[PDB]
Structures are given as structure tokens and as C-alpha cells.
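Form deposited without the named molecule, single chain, as C-alpha cells, below.
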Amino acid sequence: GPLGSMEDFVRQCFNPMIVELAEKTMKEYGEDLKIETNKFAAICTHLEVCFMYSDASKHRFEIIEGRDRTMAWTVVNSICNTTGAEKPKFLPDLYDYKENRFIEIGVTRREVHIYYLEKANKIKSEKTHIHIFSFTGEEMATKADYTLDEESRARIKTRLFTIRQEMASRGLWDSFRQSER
């Protein structure tokens, strides 16, 4: 049974723009995708989830994820100046203009409730909303408020499922699942 390479998978599976933004995120952190390739895949996956989440409701969200860090903070600080939002301690992923809050999107291969609790412990915010997806359909969100409707979230979950089945098909899932954290 053949075992594919994760780089081949990422470049074949993810949109060119997503791959390029992921390369940029890794460079900005000085990470080498040729060595940390499971991480490369996880970054692309996280980017794509953030984009799908925003696209579920045109106009509602500002995207923070994907931007260079300096531009990301520029955008965050502008949103805070404009809307009166409290400045987050860590860069979030989106800003929700309807619910008036920043959102941290988590995508995990670990148990979603534990991942959620860890995220919540890290950001130290009474305000930032957290929404966690797993690759097998489970999710967890702040105050049991899932923000988007069932169809939109199903679209995201189906995508995560497809990625996982594609990986497994190439023998890449075992390592990807086990490599997190």
C-alpha cells in the first residue's frame, strides 16, 4: 500500500491562494514546511475553515487570519477604535460585526471539549467567542452559541471530513492525527 507525501497532498488539495498564505505564515514564523509538513496541512486547513466561516455570511465578518501579523494587528486595532471593542491579548481569527465580537476558530484532531477548554484558558477573554471544529463532525462553542446555522456548519464539517478521507486514502491520516500538539 502506498504512502503519499503530505506536501503533495497539500498542494493538490488546497486552493493556491490558501497554500501561498500558509507558506507565508510559516515563513513569518520561520517554520519549514518541508520538515513540518503535518503543520503545513493543519495551517491550510485552519485558513480554509476561517474563510468558509466568513463566506457563510457575506459582509458579516472581518477576516483577521491569513494577514501578516503587523497588518493583522493594524486591522484589530482599527476595529477596536471604530466599534469600541476590547483589544484582544492574542490575534483572533475573525470579527463578527453582527454579534459585535472577535472569534477564535479552532480546528483539532484532539477531543474538542479539551481543545475548547485549553483555548479558553489561553485567550483570557470574557468577550472573544470561541468555536471549535474537529475532523469527525464534533464541535464546541462559547455559551453553546454556534453563530452560523446548521447548513453552513455542515458545509465546513463535510469539508473537514473530505480532507480526512483524502488523507487516509493516501496513508497520511495516521501521522496527521497523531502529530497534533
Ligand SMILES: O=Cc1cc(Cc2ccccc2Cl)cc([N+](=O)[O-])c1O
Second form
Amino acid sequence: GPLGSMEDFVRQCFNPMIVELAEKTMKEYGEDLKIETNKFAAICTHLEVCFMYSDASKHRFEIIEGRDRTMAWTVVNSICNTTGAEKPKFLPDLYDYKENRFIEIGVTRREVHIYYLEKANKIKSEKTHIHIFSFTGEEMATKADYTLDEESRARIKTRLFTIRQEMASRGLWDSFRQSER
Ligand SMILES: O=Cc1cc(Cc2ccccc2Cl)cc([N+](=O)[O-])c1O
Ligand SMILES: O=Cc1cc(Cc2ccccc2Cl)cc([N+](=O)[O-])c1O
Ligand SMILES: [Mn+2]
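Having seen the form deposited without the named molecule, I'd like the form deposited with the named molecule bound now, please.
Everything in the complex follows now, all chains and molecules, and the chain you saw is the first one.
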């Protein structure tokens, strides 16, 4: 069976903007995308999911994730002073102007409940809302509040399913599925 390059897949499957933001994220975290290709893919995936989440209800969400750290932190600070929200330890992904809370998105090849627990413990914030997607359609949100309607989340799930099927047809899926730390 023919086995493809993950880097190739990423550059063909993801938006050049997304790929660039992922590239810069890997830059500023001291890791080589040419070696950690699965990670390149995961960061691209997370980015696309955050963007789709925001795009699901335009002008409701503030995007924190896409920006470079310094800009993202200025944006977070601004949101905090303007709204009165608790400043997070971590860069969250979104801000919900409707529900008045920061949102952390997660995308996992693992079991979503465990991943949710690890994410929650990793952020140490009782005010931040957590939403976890898997590639298999399963999801897990804070206090069973899934924020978006079934259709939007189905759009996201369909995208994830497609990414997985295209990974698998290139033989890339197994290494990716099992390389999650
Ligand atoms: O699993 C959580 C997770 C969080 C992040 C973001 C992150 C990285 C360091 C500290 C907190 C947070 Cl939220 C990044 C990655 N990653 O590149 O695989 C993660 O796997
Ligand atoms: O898996 C990649 C990944 C990337 C990000 C983006 C990111 C956010 C903050 C710091 C580092 C990075 Cl790579 C976030 C999460 N996350 O919150 O679970 C991720 O799982
Ligand atoms: Mn983040």
C-alpha cells in the first residue's frame, strides 16, 4: 500500500492561512514541523475547528487563537478590561460575547471524556467553557452546554470525518491517531 507524506497532506488539505499560522505556532514553540508532522496536522486541525466554530455564529465570537501570542494577549487583556472577565493563565481559543465566557476547543484522537478531564485540569479555570470534538463524531462540553446547534457542530464533525478519511486513504491515519500525547 502507498504511504504518503503527512506534510504534503497538510499543505494540500488545509488553507494556506491556517498552514501559515500553524507554521508560526511551531516556530514560536521550538519544534520542527518537518519532524513533528502529525503535530503540524493537529495544530492545523485545531485552528480550522476554532475558525469553523466562530464562523458558525458570526460576530458572536472573538477569535483569540489565530493571532500570534503577543497580539492574542493584547486582545485577551482588552476583552478582560471591557467585559470584566477573569484573565486566563493560558491563551484560550474564543470569547463568547453572548454567554460572556472564554472558550477552549479541543480536538482529540483519544477518548473525549478523559481528554476533557486532562484539558480542564490543564487550564485550571472554573469560568472557561470547554468543548471537545473527536474525529469519530463524539463530543464533550462543560456542563452539557454545547453552545452551538446540532447543524453547526455537524458541519465541524463532517469536516473532521473527511480529514480522517483522506488521512486513511493516504495511509496517514494510523500514525496520526496513535502519536497523540
Ligand atoms: O492536549 C492539549 C494541548 C494543548 C495545547 C495548548 C496548550 C499548550 C500548552 C499549555 C496549555 C495549552 Cl492549552 C497544545 C497541544 N498540543 O500542541 O498537542 C495540546 O495537545
Ligand atoms: O493539538 C493541537 C492543539 C493546538 C492548540 C493550539 C495551541 C494553543 C496554545 C498553545 C499552543 C498551541 Cl499549539 C491548542 C490545543 N488544545 O487547546 O487542545 C491543541 O490540542
Ligand atoms: Mn489555544
